[PDB]
Amino acid sequence: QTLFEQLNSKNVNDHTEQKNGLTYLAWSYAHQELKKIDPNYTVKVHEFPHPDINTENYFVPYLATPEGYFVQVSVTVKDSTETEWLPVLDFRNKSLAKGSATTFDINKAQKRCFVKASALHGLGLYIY
Amino acid sequence: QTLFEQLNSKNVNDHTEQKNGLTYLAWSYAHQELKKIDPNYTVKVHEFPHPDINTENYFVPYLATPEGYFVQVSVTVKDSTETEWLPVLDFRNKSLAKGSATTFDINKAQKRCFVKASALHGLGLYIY
Amino acid sequence: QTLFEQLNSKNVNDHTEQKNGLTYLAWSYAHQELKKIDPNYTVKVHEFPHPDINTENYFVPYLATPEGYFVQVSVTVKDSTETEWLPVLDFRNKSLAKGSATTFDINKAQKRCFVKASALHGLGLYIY
Amino acid sequence: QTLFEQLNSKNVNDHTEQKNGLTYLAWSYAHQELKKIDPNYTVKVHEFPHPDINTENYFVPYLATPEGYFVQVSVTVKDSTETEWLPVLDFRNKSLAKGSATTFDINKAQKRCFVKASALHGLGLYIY
Amino acid sequence: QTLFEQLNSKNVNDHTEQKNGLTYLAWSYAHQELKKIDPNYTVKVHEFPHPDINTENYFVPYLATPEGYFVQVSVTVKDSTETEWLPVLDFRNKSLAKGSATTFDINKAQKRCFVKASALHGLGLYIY
Numbered sequence: 066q067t068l069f070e071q072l073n074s075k076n077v078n079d080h081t082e083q084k085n086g087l088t089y090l091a092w093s094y095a096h097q098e099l100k101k102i103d104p105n106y107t108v109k110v111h112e113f114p115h116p117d118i119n120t121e122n123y124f125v126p127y128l129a130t131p132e133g134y135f136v137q138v139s140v141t142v143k144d145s146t147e148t149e150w151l152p153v154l155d156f157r158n159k160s161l162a163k164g165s166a167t168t169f170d171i172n173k174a175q176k177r178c179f180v181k182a183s184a185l186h187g188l189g190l191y192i193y
Numbered sequence: 066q067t068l069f070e071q072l073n074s075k076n077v078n079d080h081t082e083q084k085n086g087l088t089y090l091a092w093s094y095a096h097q098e099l100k101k102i103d104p105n106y107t108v109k110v111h112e113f114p115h116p117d118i119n120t121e122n123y124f125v126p127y128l129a130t131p132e133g134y135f136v137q138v139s140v141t142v143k144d145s146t147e148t149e150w151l152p153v154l155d156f157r158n159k160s161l162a163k164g165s166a167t168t169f170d171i172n173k174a175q176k177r178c179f180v181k182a183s184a185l186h187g188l189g190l191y192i193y
Numbered sequence: 066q067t068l069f070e071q072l073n074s075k076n077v078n079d080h081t082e083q084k085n086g087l088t089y090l091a092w093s094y095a096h097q098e099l100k101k102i103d104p105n106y107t108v109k110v111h112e113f114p115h116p117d118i119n120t121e122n123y124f125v126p127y128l129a130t131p132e133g134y135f136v137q138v139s140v141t142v143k144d145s146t147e148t149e150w151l152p153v154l155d156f157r158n159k160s161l162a163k164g165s166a167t168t169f170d171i172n173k174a175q176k177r178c179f180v181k182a183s184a185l186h187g188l189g190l191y192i193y
Numbered sequence: 066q067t068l069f070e071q072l073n074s075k076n077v078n079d080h081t082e083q084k085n086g087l088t089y090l091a092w093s094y095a096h097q098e099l100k101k102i103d104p105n106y107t108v109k110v111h112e113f114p115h116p117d118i119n120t121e122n123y124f125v126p127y128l129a130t131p132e133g134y135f136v137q138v139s140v141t142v143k144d145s146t147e148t149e150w151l152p153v154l155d156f157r158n159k160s161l162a163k164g165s166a167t168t169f170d171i172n173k174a175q176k177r178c179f180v181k182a183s184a185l186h187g188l189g190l191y192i193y
Numbered sequence: 066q067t068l069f070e071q072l073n074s075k076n077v078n079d080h081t082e083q084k085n086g087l088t089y090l091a092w093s094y095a096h097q098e099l100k101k102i103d104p105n106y107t108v109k110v111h112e113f114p115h116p117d118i119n120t121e122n123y124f125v126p127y128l129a130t131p132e133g134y135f136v137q138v139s140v141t142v143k144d145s146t147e148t149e150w151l152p153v154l155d156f157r158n159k160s161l162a163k164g165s166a167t168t169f170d171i172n173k174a175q176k177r178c179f180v181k182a183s184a185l186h187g188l189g190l191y192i193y
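Protein chains in written order, with my numbering: chain A, 66 to 193; chain B, 66 to 193; chain C, 66 to 193; chain D, 66 to 193; chain E, 66 to 193.
In isolation and in its complexed conformation, chain A is listed as follows:
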């Protein structure tokens, strides 16, 4: 068949967490399923220059913008790349203004952006 249809036709319902009334598939499950399909696949978290620090060659792993925070994750399986963006959010799914976000929030957003970019491939597309 094809990668999209094979991956799309799977049930990731069992490995999900209901937090805030939303459904999330854990990254651990996503990491193994793609690993099975393709043994060698790449996950890259983009790094962007920081607006406040002017030191040269200083690149943080997230985008800080005057309006908030952004993350980017690029998942490449079998020579196909799917990029994704996401806003960093609170535990209550509310936006975080400049200077109100901790490093633990960014890491959670980075992990969440990975499982969503994988959903651009057939796996668990129905949840999003």
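To be clear, the hints were calculated from the coordinates, so they are not data collected in a lab.
Certain hints may be false.
Claimed, not checked - Now the stretches of chain A that chain B is said to cover, found in silico as 3 or more residues with beta-carbon under 8 Å:
(1) 79-90
(2) 143-157
(3) 168-176
(4) 181-191
What the hints assert, rightly or not - Output of the computed footprint for chain E on chain D, the stretches with three or more beta carbons under 8 Å from beta carbons of chain E:
(5) 93-104
(6) 111-123
(7) 129-139
(8) 184-193
Claimed, not checked - Distance ranges between label pairs, derived from CB positions:
(9) 71(D) - 145(B): 41 to 47 Å
(10) 122(D) - 193(C): 41 to 47 Å
(11) 71(D) - 106(E): 16 to 22 Å
(12) 122(D) - 97(E): 40 to 46 Å
(13) 107(A) - 78(C): 54 to 60 Å
(14) 107(E) - 122(D): 28 to 34 Å
Note that CB positions come from ideal geometry on N, CA and C, so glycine has one too.
Go by the hints and put chains B, C, D and E onto chain A.
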């Protein structure tokens, strides 16, 4: 036949949400239908220099203008590219002035601009 | 025959909205009719430097002038290009002074300029 | 015969509006008559540097002079170009001083300058 | 015979207006008579740098001098060019000082300078 007519003759009415009295087709449905027609298609969100931050090589994913906010999405299916613009808007469909928009608003506008650019292709043109 | 006469001899009266006592043909209808005649046609919205912001490589999609706002749309069907200009206007068809226009107004003016440039081709010339 | 005589010998009286006691032929009629004679003809609205704004590569579609406003339209039919100038005027046909003209006034003057330049060709010369 | 004698021996008395006790032949009549004699003839309105505005590449269509206003028109029929100058004047045929002239006055002076330059050719020389 042709891509426009094939895509135009589909019913996307079932997968729609009535919010504020407007009809919207979910991106998830748009992502799969184009994926079926063409296995390898590209979605690109344009990035523009930011008016307030003067750091070099700093590119946000939206356009901030003294009059408001703009987003752009370019969808390429089978070597044909359809670009689209849209204003970032509130939950009540009202405009957001400079310094009043959160990152969650931009992401929603980005997703909405994707399904509208896909409607430039035959799919779900009737809604817009 | 010829493109002008074929396009000119059509009834776009059914797909019109009477707002403020003026007659407007919806863009959706214009997008499909030209798409039928020519499968591959281009719509380009011109981008102009902004008078107030001095950042380099900053190009907004409209013209802000000390006297008001202008938009431009270039529609190319079958290797023929028809450019058009229009003033951005209120819901009451009144002019908007510098600093009084929202991004929702510009987008409406951009869509309206598209259907008028298409009317430079035979389609719906009688309305304007 | 010749273009001037053919075009000159036409009755554009039916398609005229009596406003302020003057006679005007609508642009829509002018656009179709020249289109018939010549399928491919060009209309160009000249763009001039603006006296107040010093930004580079900033070109408005009208001429603002310390004494008032000017517009220019160049109509080319069958390899012959007829340029024309006109002052931007009020609804009462009075002059507009620097800083008193809206974008709606400029557009009306641009359309009027087009039908007058076409009158340099035989069509509707008698009105002016 | 010759262009001067042929053109000189015509009666333009019928197409004249008596304003302020002077006789003027309308431009419309002049435009058609030369058009008949020569199908392709050129009218050029000279453009001069403006004394007050220092912006580069800014050229108005008239000459503003500390003593008043001047216009120039060059009419070329059959490879012969006749230039002409004229002062911009009020409705009462009085001079206009720097900063007292509107764009409507300049346009009237431009049209009048055209019919006088044509009178350098035989047509209607007797009036001036």
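Structure-based check of all given hints:
1. 79-90: With 0 residues closer than 8 Å to chain B, the segment 79-90 of chain A misses the three-residue bar; violated.
2. 143-157: n = 6 at 8 Å, threshold three: holds.
3. 168-176: violated (count 0)
4. 181-191: With 3 residues closer than 8 Å to chain B, the segment 181-191 of chain A meets the three-residue bar; holds.
5. 93-104: violated (count 0)
6. 111-123: Three-residue rule met by the segment 111-123 of chain D, so holds; n is 5.
7. 129-139: holds (count 6)
8. 184-193: holds (count 4)
9. 71(D) - 145(B): 41 to 47 Å: holds, 43 Å
10. 122(D) - 193(C): 41 to 47 Å: Since residue 122(D) and residue 193(C) have Cβ atoms about 31 Å apart, the given range 41 to 47 Å is violated.
11. 71(D) - 106(E): 16 to 22 Å: Cβ of residue 71(D) to Cβ of residue 106(E): about 18 Å, so the range 16 to 22 Å holds.
12. 122(D) - 97(E): 40 to 46 Å: Roughly 42 Å apart at Cβ, these two residues keep to the hinted range, so it holds.
13. 107(A) - 78(C): 54 to 60 Å: Check passed, 57 Å falls within 54 to 60 Å.
14. 107(E) - 122(D): 28 to 34 Å: holds, 31 Å
Hint compliance for this structure: hints 1, 3, 5, 10 are not met, and every other hint is.
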